[PDB]
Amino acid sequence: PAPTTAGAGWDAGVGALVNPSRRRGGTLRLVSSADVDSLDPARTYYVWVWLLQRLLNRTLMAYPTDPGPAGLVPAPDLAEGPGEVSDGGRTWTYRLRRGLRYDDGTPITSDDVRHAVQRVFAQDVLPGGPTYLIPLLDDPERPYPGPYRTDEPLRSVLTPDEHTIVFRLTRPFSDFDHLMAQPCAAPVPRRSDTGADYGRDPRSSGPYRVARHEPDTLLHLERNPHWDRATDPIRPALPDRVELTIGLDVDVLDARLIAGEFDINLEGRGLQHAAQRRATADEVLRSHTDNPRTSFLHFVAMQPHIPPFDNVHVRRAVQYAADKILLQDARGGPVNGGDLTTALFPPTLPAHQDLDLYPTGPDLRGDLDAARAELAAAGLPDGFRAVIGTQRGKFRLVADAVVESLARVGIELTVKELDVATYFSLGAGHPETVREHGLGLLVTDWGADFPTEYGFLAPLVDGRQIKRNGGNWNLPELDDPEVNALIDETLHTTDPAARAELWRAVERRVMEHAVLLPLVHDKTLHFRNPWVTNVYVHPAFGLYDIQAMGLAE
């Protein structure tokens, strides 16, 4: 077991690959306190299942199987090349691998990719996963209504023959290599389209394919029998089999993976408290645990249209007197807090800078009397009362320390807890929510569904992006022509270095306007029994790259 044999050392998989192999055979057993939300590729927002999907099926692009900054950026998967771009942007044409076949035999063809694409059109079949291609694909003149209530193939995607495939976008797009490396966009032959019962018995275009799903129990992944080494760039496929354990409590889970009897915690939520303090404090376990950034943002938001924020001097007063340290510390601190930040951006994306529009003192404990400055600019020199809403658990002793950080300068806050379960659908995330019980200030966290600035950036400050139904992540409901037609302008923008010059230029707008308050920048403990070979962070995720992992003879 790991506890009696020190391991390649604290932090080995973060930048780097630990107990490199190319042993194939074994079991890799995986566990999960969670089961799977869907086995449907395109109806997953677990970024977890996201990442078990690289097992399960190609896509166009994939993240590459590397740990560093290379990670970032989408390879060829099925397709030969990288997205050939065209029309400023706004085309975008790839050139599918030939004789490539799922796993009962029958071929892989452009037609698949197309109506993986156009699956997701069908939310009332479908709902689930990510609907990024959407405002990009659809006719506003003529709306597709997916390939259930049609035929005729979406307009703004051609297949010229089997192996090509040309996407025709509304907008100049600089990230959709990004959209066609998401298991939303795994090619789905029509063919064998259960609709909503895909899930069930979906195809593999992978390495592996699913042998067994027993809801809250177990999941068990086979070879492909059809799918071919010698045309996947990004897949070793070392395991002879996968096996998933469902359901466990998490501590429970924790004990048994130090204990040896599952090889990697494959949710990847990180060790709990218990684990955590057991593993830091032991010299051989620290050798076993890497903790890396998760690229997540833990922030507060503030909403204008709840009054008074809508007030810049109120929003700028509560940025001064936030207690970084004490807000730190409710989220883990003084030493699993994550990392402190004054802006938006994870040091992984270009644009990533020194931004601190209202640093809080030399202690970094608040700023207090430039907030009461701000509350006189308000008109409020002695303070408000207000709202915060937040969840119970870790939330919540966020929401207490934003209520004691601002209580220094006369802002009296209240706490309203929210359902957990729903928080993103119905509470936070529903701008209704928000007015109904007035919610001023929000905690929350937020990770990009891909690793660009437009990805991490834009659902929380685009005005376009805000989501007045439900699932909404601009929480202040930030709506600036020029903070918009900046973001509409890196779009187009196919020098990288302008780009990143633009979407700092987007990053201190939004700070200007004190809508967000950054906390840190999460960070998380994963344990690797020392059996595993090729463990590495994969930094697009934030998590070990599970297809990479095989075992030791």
Second form
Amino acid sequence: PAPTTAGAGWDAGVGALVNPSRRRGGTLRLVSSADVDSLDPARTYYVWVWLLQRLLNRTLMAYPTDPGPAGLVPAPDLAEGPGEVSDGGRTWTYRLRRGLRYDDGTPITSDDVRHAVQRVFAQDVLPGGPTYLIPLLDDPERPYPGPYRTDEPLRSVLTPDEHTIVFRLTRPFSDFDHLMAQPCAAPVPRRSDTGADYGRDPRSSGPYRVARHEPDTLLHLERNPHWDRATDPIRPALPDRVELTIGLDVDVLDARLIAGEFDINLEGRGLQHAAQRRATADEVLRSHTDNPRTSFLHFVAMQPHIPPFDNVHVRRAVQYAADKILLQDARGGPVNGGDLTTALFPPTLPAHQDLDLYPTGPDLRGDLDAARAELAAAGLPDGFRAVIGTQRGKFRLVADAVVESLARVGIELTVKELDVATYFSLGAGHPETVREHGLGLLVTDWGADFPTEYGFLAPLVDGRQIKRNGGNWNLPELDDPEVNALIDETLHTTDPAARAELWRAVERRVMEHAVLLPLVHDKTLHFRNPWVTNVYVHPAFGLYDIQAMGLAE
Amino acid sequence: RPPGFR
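Same protein, different condition: the form deposited without the partner chain was shown, now please give the form deposited with the partner chain bound.
Expanding to the full complex; the earlier chain stays at the top.
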């Protein structure tokens, strides 16, 4: 086992590949504390299930097998080249490779990519996955009801022949290749589409297919005999089989992982506290551990619709009075609490910049003079009473640190815990819940659904992205027409450097509003057993790229 | 997306 033999070294899989190999064979033994959310490629949102989807299904574009920056740029997979952009970023054309096959030996055609995209529109039958494609492809004057309610194709998606697909968007969208790399755009042939039941027998265009799924118990993958290695620039497809054990307690999982009973943790939520201690303090175990950024941001939102948070000076007071050390310590410091940040973008993104509008003093513990001055400006010099919304666990400990921080300047906060299961949907994520319970501050964590500035920031701050019926991620309900207009400009800007500059302007404007208080970029500790080959943290996921892995002989 | 999660 790993505790008795040294590994590649601390962080060896962060920005590089550990134990490179082309050796095929063996069974990759994976573990997760949770079952998949779905085996329908359109109905998944879990990051680790998206990783699993790289074994099961190909897409037009896919993130390349690359530990460096280029891993963030979608590469041709089923398509012969990247999307060809015409009409100002409004029309995207792809050409499909010829002769490709599903696991049942039937052909992949452009009709199947159109069908997959159409399926997304059937939210009454196929909820659970990303819906970015809907506003880009739906005609508001002639709405598309999905492929079960009409057999007329979506008018914005053309298939001039079996190997060509054309997407006619409602507006420019610079990041369209990224949407083609999401699993909901993996082809689904209509002939095999059993709708609500698709996850029970999905077709596979990837190097593996589902052999057995027992809910809460196991998922076994075997090779897809019709996948063609010569046609796949992404996937080495090394193991003969992949076996996922499901449902273990998270500490039980760490223990058995470190003991060698499983090879890798697919779920990828990192070592829990006990194993984090064990692993980071033992010389041999550190050699088997990577500590990447996950690209998640932990932050507090302030909601102008909840008095007195409508006043920019109240919001700035909170920013100045935040004890950044105490808050990081609540989330795992002094040594394991993520990476301190004063701005929003993760350093994976081109726009990432120095921005600290509200510095918290030479010790980062709060500038209380600045905070009090802001409170005087708000006409509340002695403070005020407010409520912070959170959920039990780590979010609660962070809320407590906020309470303690702000008490120093007379802002008296009461904590309101919301239902854990629905926190992101019906709790923090519902504008009516937030108003009903007076949640002027909210504690949350956010990861982009694709590794770009738009994917990361638009859902958090774009006025058009306020979700009035739940699942809202623009928590302050910021609707600044200048912010919105800048975002629009990025979407039709072809030059990546001009785009970065525009996004720097958006971020600065968002911080001027002071509605988001960034706390840390999250970090995690992944453990890798030394006999696993090709282990690397995928910069697009913050998790190991499962599909690239093999087994040493 | 939101993060993972006695």
